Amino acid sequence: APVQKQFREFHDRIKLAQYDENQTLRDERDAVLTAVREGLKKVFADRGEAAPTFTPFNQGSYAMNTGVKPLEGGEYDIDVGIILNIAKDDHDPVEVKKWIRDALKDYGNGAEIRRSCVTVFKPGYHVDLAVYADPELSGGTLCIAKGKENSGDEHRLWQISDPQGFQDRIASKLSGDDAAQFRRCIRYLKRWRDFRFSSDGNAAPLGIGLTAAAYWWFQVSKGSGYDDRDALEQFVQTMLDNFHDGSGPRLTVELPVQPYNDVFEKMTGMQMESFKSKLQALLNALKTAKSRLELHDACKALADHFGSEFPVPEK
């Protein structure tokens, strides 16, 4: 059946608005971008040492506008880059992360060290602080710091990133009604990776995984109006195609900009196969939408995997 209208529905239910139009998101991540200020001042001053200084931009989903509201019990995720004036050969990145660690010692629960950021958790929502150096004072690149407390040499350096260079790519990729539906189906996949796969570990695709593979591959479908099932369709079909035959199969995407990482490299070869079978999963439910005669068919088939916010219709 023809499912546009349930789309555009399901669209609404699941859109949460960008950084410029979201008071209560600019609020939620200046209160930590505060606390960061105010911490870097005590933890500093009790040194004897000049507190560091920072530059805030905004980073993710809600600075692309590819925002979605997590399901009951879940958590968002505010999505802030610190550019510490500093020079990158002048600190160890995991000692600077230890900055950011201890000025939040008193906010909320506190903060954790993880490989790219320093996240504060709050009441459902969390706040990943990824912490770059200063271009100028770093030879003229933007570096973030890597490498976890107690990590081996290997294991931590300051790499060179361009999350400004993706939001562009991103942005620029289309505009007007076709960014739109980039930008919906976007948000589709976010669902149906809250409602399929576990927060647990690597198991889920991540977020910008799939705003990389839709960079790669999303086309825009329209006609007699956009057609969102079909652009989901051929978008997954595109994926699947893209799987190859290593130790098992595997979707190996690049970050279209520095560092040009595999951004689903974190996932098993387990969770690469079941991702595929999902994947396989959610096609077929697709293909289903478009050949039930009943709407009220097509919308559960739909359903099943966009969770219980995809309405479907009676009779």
Second form
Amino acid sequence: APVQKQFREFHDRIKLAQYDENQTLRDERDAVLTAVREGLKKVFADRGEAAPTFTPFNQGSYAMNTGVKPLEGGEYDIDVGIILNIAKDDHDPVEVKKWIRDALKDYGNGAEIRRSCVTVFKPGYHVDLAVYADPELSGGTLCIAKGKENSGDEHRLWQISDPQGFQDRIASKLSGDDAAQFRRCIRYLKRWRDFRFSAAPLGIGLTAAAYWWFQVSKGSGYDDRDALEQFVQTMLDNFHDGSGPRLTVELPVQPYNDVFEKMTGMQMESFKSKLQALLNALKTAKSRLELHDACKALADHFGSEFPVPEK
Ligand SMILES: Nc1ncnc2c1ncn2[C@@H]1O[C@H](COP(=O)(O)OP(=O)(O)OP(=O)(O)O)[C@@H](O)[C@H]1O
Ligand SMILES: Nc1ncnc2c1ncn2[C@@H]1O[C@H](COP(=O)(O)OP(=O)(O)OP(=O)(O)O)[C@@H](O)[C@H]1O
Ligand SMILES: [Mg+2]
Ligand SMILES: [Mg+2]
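To test you: the structure above is the form solved without adenosine-5'-triphosphate. What is the structure of the form deposited with adenosine-5'-triphosphate bound?
Every chain and every other molecule in the complex is listed next, the one we just looked at coming first.
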């Protein structure tokens, strides 16, 4: 059955406005940044040292306009980059993340140092602060602080990064109504992720996969069901058998890492099976005569906000 109207209704329910269109997200972002700015002055004052400063930039889905609302009991995810005014060769990357952790000591319940960011957890959302060294002071590269406290020397590094280049690639892939379909299809699959996975890499992973493999589908209108079917099939086509089935997807800018690499062999096998089931549901929605049956098939994978008309 034709299901484009219901996909567009679903899109309206799941979409979360980007930073430039969302005063609440800007305010919450700016609240944590001020907490970092004020905290650094105190931490360093208390050591009788000059505080480092930083330049923030928007990152992640709320920067790229690929954001979704969480399900009840899920969290918003505010991604921000902070570029510290330091030479990467003067500081251990873990020690620079400790500055940020210490700055936020007294903010909500404080912050957690993770492999790739410093996270502040609040009721119903967290703020992931990616921590970078200054490119000019560091020899011209923008490097992110990798590693956890008490991590071995091999598991901490200043890793070459290109967050602006990634955002530019996502923004420039398509334009106008074609780009709108691309963003809708990323959002649909994020809600699928949230509904069908009890999964952290799937956000970036699905976005990078869409960059490589998304194709517009339009005739008498945009055909989101068909664009998803082609995209899901293409993702499945790109699994390879190592030990078991894996999908390896390079980031399309430095450092060209596999954005799915954190997933275990079993998580990848489960991922593939859930993509197969989604593909069948997309095919079923096309072939079903009754709109009710087509939409029920989709709601089984996209969840309760996918509208299922009566009859
Ligand atoms: N290369 C990256 N650039 C920017 N931000 C990143 C990068 N990798 C991860 N992040 C951010 O860090 C968050 C958490 O990923 P991270 O790798 O730090 O997890 P973790 O909790 O330490 O687990 P693990 O150590 O097993 O990977 C992501 O949601 C994202 O916002
Ligand atoms: N594994 C990774 N490799 C490279 N860059 C990463 C990785 N994980 C995160 N990032 C970077 O950090 C940003 C924020 O990470 P996060 O996992 O929150 O994804 P996202 O694009 O914001 O999607 P979501 O809607 O799921 O939060 C990504 O958009 C990307 O720029
Ligand atoms: Mg995010
Ligand atoms: Mg995040």
